[PDB]
Structures are given as C-alpha cells and as structure tokens.
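*Asks:* If you want the building blocks of each chain, they are given just below.
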Amino acid sequence: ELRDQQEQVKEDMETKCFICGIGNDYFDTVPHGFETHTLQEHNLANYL
Amino acid sequence: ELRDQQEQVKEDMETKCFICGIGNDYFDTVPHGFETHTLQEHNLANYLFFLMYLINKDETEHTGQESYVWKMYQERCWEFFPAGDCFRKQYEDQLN
Amino acid sequence: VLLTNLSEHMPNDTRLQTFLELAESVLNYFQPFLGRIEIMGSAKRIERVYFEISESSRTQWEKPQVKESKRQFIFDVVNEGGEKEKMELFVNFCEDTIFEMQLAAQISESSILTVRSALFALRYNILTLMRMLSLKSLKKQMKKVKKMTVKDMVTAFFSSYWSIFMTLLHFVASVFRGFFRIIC
Amino acid sequence: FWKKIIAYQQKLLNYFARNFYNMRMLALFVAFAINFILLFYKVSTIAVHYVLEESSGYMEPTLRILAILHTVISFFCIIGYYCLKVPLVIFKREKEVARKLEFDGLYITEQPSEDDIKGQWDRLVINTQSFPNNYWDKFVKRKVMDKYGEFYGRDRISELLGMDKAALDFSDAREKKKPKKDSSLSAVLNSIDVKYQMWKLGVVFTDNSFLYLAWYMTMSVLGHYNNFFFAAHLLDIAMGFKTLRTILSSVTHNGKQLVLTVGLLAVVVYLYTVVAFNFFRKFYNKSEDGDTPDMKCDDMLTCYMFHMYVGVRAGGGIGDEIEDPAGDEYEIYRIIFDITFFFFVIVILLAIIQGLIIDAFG
Amino acid sequence: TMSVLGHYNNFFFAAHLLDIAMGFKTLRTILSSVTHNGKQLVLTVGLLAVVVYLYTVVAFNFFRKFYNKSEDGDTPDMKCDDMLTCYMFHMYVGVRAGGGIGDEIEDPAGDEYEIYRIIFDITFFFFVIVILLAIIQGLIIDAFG
Ligand SMILES: Nc1ncnc2c1ncn2[C@@H]1O[C@H](COP(=O)(O)OP(=O)(O)OP(=O)(O)O)[C@@H](O)[C@H]1O
Ligand SMILES: Nc1ncnc2c1ncn2[C@@H]1O[C@H](COP(=O)(O)OP(=O)(O)OP(=O)(O)O)[C@@H](O)[C@H]1O
Ligand SMILES: [Zn+2]
Ligand SMILES: [Zn+2]
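Residue numbers (UniProt numbering), protein chains in the order written: chain A, 4872 to 4919; chain B, 4872 to 4967; chain C, 4100 to 4209, 4237 to 4310; chain D, 4480 to 4524, 4555 to 4871; chain E, 4727 to 4871.
Same shape as in the complex, but just chain A:
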C-alpha cells in the first residue's frame, strides 16, 4: 500500500498539472508543452 501510494502520487503529479488540473496530453500537443506549462505557466513555486 505504501508503494502504491507513492506511485499514485508520482503518476498524478506527472499526468496532470497541480493547479489547473488539465491533462498532460492537451499541453503535449505542443512538444514539451506539459513541462513548459508546469514549469513556466502554472508553477506552485511561482504561486508561493
């Protein structure tokens, strides 16, 4: 159960943006779009 919890956390974190909650594919229509969105546009560190 602990391993599954860790895996679920990482999968959610890598599949959907933390703030908006939009799936990764929509952003990934542009190459590297998901990482661009989650690291430049919607960044929790930036909100902090």
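For the record, the hints were derived by calculation from the structure and aren't laboratory data.
Where a beta carbon is used, it is the ideal one built from N, C-alpha and C, also for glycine.
Any given hint could turn out to be false.
Some chain E residues close to chain D (C-beta under 10 Å, calculated; not the full set) [as the list claims (entries may be wrong)]:
no., residue
1, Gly4732
2, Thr4770
3, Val4783
4, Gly4799
5, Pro4802
6, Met4804
7, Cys4806
8, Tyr4813
9, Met4817
10, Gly4871
Put chains B, C, D and E with the ligands on the given structure of chain A with help from the hints.
*Replies:* For chains B, C, D and E with the ligands alone, kept in the frame of chain A given last:
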C-alpha cells in the same frame, strides 16, 4: 515491483509509439495502423540504421536532408525527431 | 526509392498504381534494403527520408545479443527516464549499438537418435498389432460370428481396445528400452 | 446381421462417448472408497503379510468387488475416451497437416525439421486415400496440386499426395464400370485403409491424455496384485476438480523459478559444506558415547548430505545440530558460519519460495 | 441457550466471546481476510491430507522399522504397524514438526534404504512444511490484497 515494472514497460511499448509518443488508437482508426506506424513509419531500428548510414556516408555526398540531420546531430539538437506529430497527422486532410 | 517516394506521397493515382504493379518484382527485391524514417523537416513540416540498410547491418541488428541490449535499454528508458532525456538516451544507445555491431562484423570475417528410435518403435509395434488382422486367419472367428452372439460381439468389441492398449504398453516399453540403450 | 452388428457397435460407441465423464467421476469415487477401506490394513505375523482387520468381515469381499469395479470402469473410460476425444485430436492434427501442406509446402517446398516426431509421423498420412477423413475440406489434395503442381511437378505431387494422374482421366473416359457390395470380406478389408489407420493409431499413442489413461489402466490392474497401488489413483483429483487445479497452478506457475531456487540452495549449501569440511570438521561428532566417535564431516559427500538433510530441515540452521563452539580459537568464525547459514538458507531462500508462491497467486 | 446454560456451568459464558466478530467491524475486516478464500483454504487442507496419506502409504510399505517411538527396548512402540495409526502419526507429529517427519522418526544412517528415506524426508519437508503452508499464507495475503 519487478513484475509491475516489466508490465509497465510492455504496456507503454504496446500503447504508444516510442518516437512520436502518439496513442495507439489514433493510428488504429486504420486497421493494423499502430503496427504499421511502429514497424514501417516510426521504427527505432530504422532510426539506428539511419544514424549508421549518416555516420558512414561522406560529408560531400550528403543530400540536403542528410546534411540537415548531420548538422543537428553534431550540435546534439534532437528536434528532427518527430515529437507529437507524424506523417498521418501532418497530411491528415489530403491523405485521408 | 524513387517509386516508393512517389507512391507514398501520392496514394490515389491509378496510373502510379499500375506503374508500381509493372515494377512489382524490383520493389520486392529491395524491400529489406529500403529503409524509411520520418523527420521533423527544416521547413517546419514532417518529411520522409529513404536510405539503404546494409545486409550486414541488419544481420548484426537481429543478432540475439543486440536484441537483449535493446530490451534492456527500453526497460531502462521506460522505468527510469524522462521525455526530456529520452531522445538523448536513444542516440547514445544507437551510437553504442552501432559501434558494437561494426566490431562484430569486423571480428566475424570469413535428438535424431531418440526421434528415430521412437518412430521405429511406433511403426514396428503398430504393424505387429495390425498383423493379426492382416493374416487372413480370422476365418475361424468369422465362422464363429456367422451365428449372432451377444457375448461374442461384446467380447470382440472389448478385445479390440484391449489389444490396442496392450500394443501401447509394448510401444512404451520399447521406447524405454531404446532410450536406456542410447543413454547407456 | 452384418448391418445389425454395426448398429449395435454404433450404439455402444455412442453410449460410452456420452457417458465418458460420469465414468471418470465414478472411477475417482471408487478410488476414494478403495483407499478408505485400505486405511484399515495392518501387518501381522517372521513372515510378513498384510491382512485386513475389521469387525464386519464383509469389507474384504467389498474390497474385492470394488477393485473389480474400478478396473472395469477404467476400461470403460478408455473406451469412452477413444470414442469421444480421439476424433477431435485426429481432426486437429489432420487440419494442421493440411494447412502446413497447402499454405507452407511443408512436404513440398521444404521438409520436416528432422527432429519433429509429429512431422515425420504425419508424412505418412498424405499418401492415404482416406485423408480428410475428419477434416471438412475434402479438396486439400486438389488445392495443393493447383498451387504447386506447375512449378515442382504435377506427376510427383500426385505421387506424394497418393492420387492418380493417368487413372482419373481414364475413369472419366468411356469404359464399362462394375459396382461392388460392402459386406463382402474382401470389400471390407480393402476398404480398411491400413496406412491411415496406422497413422491414426500412432497419433492416439502419442496423445498425452490417452497415455495418462493407459497409466491409470496399469495402476488399476496392478492394484489387484498389490492393493496399495490404488493409492496412485488419488493423484487424479488435480485433473478431477478445477478448484484444486487453481491451488496447484499457484505452485506450477513459477515451477522453473522454484526448481532454480532449489538448485541455488544446493549450491549455497555445498559452499558451506566445503568451508565446514576445510575448517570445522571437529564439530560434527554426532555420537553420544565417547567410545565410538561418529564423524559426519570426515567425508565430503557425507558432510554434504548432513548439511542438506539436518542442516536445512533444522529450524535454526546447522548450528542447532553441530556442537557448541564456546572456548575455541574458531569461535567467532563458527558463529559467523552458523548465523550466515541461518540467514541465507533458512530465512532468505525459503522466503524466496514462499514469495514465488504468493506472486503466482497475485 | 448459551446464556441460560451458563447458569448450570459458568464456563458456557465463554462461548459469548465469539460475538466480537459481529460486534466490531475492524475485527470483521481481519476475519474476512481469512474467510475470503475459505473454500481454497479447505481444499488446501484436503490436498495436504491426501499428500500425507500418500507419504504414509509409502512409509507403511517400506519404512516401518523407523517408527519405534519407545525408549526402553523391552516394549517396542511401533507407530506404523497399522495403516490408520501411521496416518494419524503423520498428520499429528509429521505436520506439527518443524522439519517434517524425519525430525521424529529415527536416523537412517547405515541402512540399505538410507538414500530412499533421505529423499522421503526432504520431499516431505519441501512439499508439506514449506510449500503447502506457504500456499495457506499466500491465500491469506492475496485475500488482503
Ligand atoms: N503545477 C505544477 N507545478 C510544478 N510541477 C508540476 C505541476 N504540475 C505537474 N508538475 C510536475 O511535477 C513534477 C515534480 O517536480 P519536481 O522537479 O519539483 O519534483 P521531483 O522530481 O520530486 O524533484 P525536486 O523537487 O527535487 O525538483 C515536475 O517535473 C512536473 O512535471
Ligand atoms: N517506435 C517503435 N519502434 C518499434 N516498436 C515499437 C515502437 N513503438 C511501439 N512499438 C511496439 O513495440 C513492440 C516491441 O517490438 P519487438 O517485436 O522488437 O519486441 P519483442 O516482442 O520484445 O521482441 P523482439 O525484440 O525479439 O522482436 C512492437 O511490436 C511494437 O508494436
Ligand atoms: Zn496548470
Ligand atoms: Zn511514432
């Protein structure tokens, strides 16, 4: 965990193309479309053979496309790899 | 390569289709050698690149060791890998594989007894079983059958399968003896 | 009566084929009854013989009747198998050979792998007149000739497939034809296709389930000479019940891994035995009286068997059995020896076995 | 009925402690972890009984002289002279033993059936003590999962 890792590898390999990353269903709208794409259009063995050909082929005898790929490979830039796009998506209207 | 390029770029030209049909055999000879990929072209459009995959390269690629290395690399890049570094890792793998394939090409420079025994046991034992039917000695039994008898008919029906089972036993014993001789 | 006898044989064949499974269950029930009775055997007077002990006295005749019934039902099970399941096996093999011959040229384009018992046995059936006997496609030979006849030779392909080049057209030509009547002895014995029947019998003999039923036959017969041979029939519950088959598949799922684990355990124990035989021989005196010392590690093989038997079966490792090391110059060495043996053999490897079983369940 | 009978014999009130299962849900979870695969657990015990019976048959046919559980030589106590007695011996002190039946029956050294009894004991330990109990534990763990 080892069994789950093996299963995850096989599921990813069989559900999305290695290079472009497009899901299997889009290609599977055409029957056997995913295997056609992953075995004829986007094949990692084919890319390896292309790298072998580019390395073993003389600089002067390179075509325009070959020179383009050679320059970007020398500068280590990997944008020539189709990322998020394919022949079918790019010519979807005319081809289909 | 010319005709493949034309066909792939124009899929619905009947003239091209007929021309390809005329060119069928040549396009079948070079199918293993013709290699095609898609690249993100200079004109912001996906293009197809055609080249010659050498026979030695293909053989070294489908050597089993290269397949094991490929499976290991795929496992690694899928489990511990990012889409940022995926294409860098793939090119590193390609370089290493190409070097090892070229080195392999350089260095590579120029039971039946058990099966036969089992089959002979089958043939001999089945022929031994069928000889009692083939001897034409069933005339006395035919005379005894001319008069209908329930006990006779059930005895014959059961005895046929009993004989088949005994033949199977003899066949198994013969196979065991032959295998024992072969190992010893 | 030639037709009436065939009708009666057909009725019996159909009855056995239809009641095949009920007879198989009855065999298992009779096996449990026989073993339940055998559970009341005792040994008595010295001459040794086994006599049934009971208050009823009717159980021994009951055991005789049950043994006879088991032997009869098992024969009926073989007959039912041969009536019911054998046709499916023949159909499958006779279809596979047809597909290999047509769409692969397995006897025309190429030849069997020279180690395929099935292949060299099926090379017989292609020449038989009674081919597609069970398979539906009765035009397999004609299809093969139409595919390969021109390139490789129509005449030799006709010889290979056992058909008539110059007789087929002669038959369609104009000549007088004579009918025949089946019940004649010559007619029926000629209708018996000896080659096809030989091939069919070979296929049946090479069938696995038929071999299992023959083993059942042999054990049932041998039970009459020694009644405890009926205990082997209790090994049929695995193929009798699906629910037990699930539990057993939980084990057999990782059988190769389980065998390799035992091999690794044997190698590790051999290494430990080598170390013990080189350095700790004096700790293996399993004799209470000092007059006769019983040295268990003077011989390499004896020490290895000691470690395999009472080193692994021990709950705490080999140190539970071999003597205490206190007050010796190799005390710490033997302490490490025993602790590592307990950790690697008793703890980890058995954990590997149990984990394999659990992972197979999952 | 149990409460009434407790007045005649006070220890009948101990049966009422079996009500905790239906009293608490949390204990019901642990108990459902067992009852989830109850049919499989019963079939496992039946298979264990059959395997032990086969081992007992082999022992009763070939290894009867190793079952003397008597210390004094004056009175030999033969545990495998009778089929039922030998089966009960194997079920009780063959399964409850930590190392199999060979932990209880005598040592086979210096006998013409030495290797046969070694195989007998090792296989008993592997199949009964190691594998079947592992099947039970795996059923419980899989039920949890
Ligand atoms: N809104 C979001 N803000 C930040 N990261 C996000 C967001 N949505 C999704 N992610 C994803 O979460 C991932 C985790 O980011 P991060 O690099 O901080 O984590 P890490 O791998 O645990 O390492 P570290 O915290 O040390 O950098 C990012 O790579 C990103 O793809
Ligand atoms: N870009 C890609 N290149 C190749 N295969 C891909 C790609 N994307 C997805 N796949 C899928 O990966 C699967 C694995 O291919 P492959 O046949 O090489 O693997 P395998 O089953 O492990 O056997 P082997 O390597 O021996 O042929 C292919 O069947 C294909 O469907
Ligand atoms: Zn967002
Ligand atoms: Zn692709």
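*Asks:* Quick check on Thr4770/E please, does its C-beta sit within 10 Å of some C-beta on chain D?
*Replies:* holds (6 Å)
*Asks:* Against chain D, with CB atoms and a cut of 10 Å, does the hint on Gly4799/E hold up?
*Replies:* violated (16 Å)
*Asks:* Do the numbers back the hint for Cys4806/E, that is, is its least Cβ distance to chain D under 10 Å?
*Replies:* Hint on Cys4806/E: holds, closest Cβ of chain D at ~9 Å, below 10 Å.
*Asks:* Should the interface hint for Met4817/E be scored as holding, given a Cβ-Cβ cut-off of 10 Å against chain D?
*Replies:* violated (12 Å)
*Asks:* If you take the shortest Cβ to Cβ gap from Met4804/E to chain D, is it below 10 Å?
*Replies:* At 9 Å from the nearest chain D Cβ, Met4804/E passes the 10 Å test, so the hint holds.
*Asks:* Do the numbers back the hint for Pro4802/E, that is, is its least Cβ distance to chain D under 10 Å?
*Replies:* Violated: closest Cβ of chain D sits about 13 Å from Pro4802/E, beyond 10 Å.
*Asks:* Could you check if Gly4871/E really has its C-beta closer than 10 Å to a C-beta on chain D?
*Replies:* Holds, because the Cβ-Cβ distance from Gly4871/E to chain D comes to roughly 7 Å (cut-off 10 Å).
*Asks:* Does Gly4732/E hold up as a contact with chain D if the rule is Cβ-Cβ below 10 Å?
*Replies:* At about 40 Å, which exceeds the 10 Å cut-off, the nearest Cβ of chain D leaves the hint on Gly4732/E violated.
*Asks:* Interface hint check: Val4783/E, Cβ to nearest Cβ on chain D, cutoff 10 Å. Holds or violated?
*Replies:* Holds - the Cβ of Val4783/E comes within 10 Å of chain D, reaching about 5 Å at its closest.
*Asks:* A closest beta-carbon separation below 10 Å is what the hint needs, so does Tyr4813/E meet it against chain D?
*Replies:* Holds: closest Cβ of chain D sits about 7 Å from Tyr4813/E, inside 10 Å.
In this structure, the hints that do not hold are numbers 1, 4, 5, 9, in rising order.
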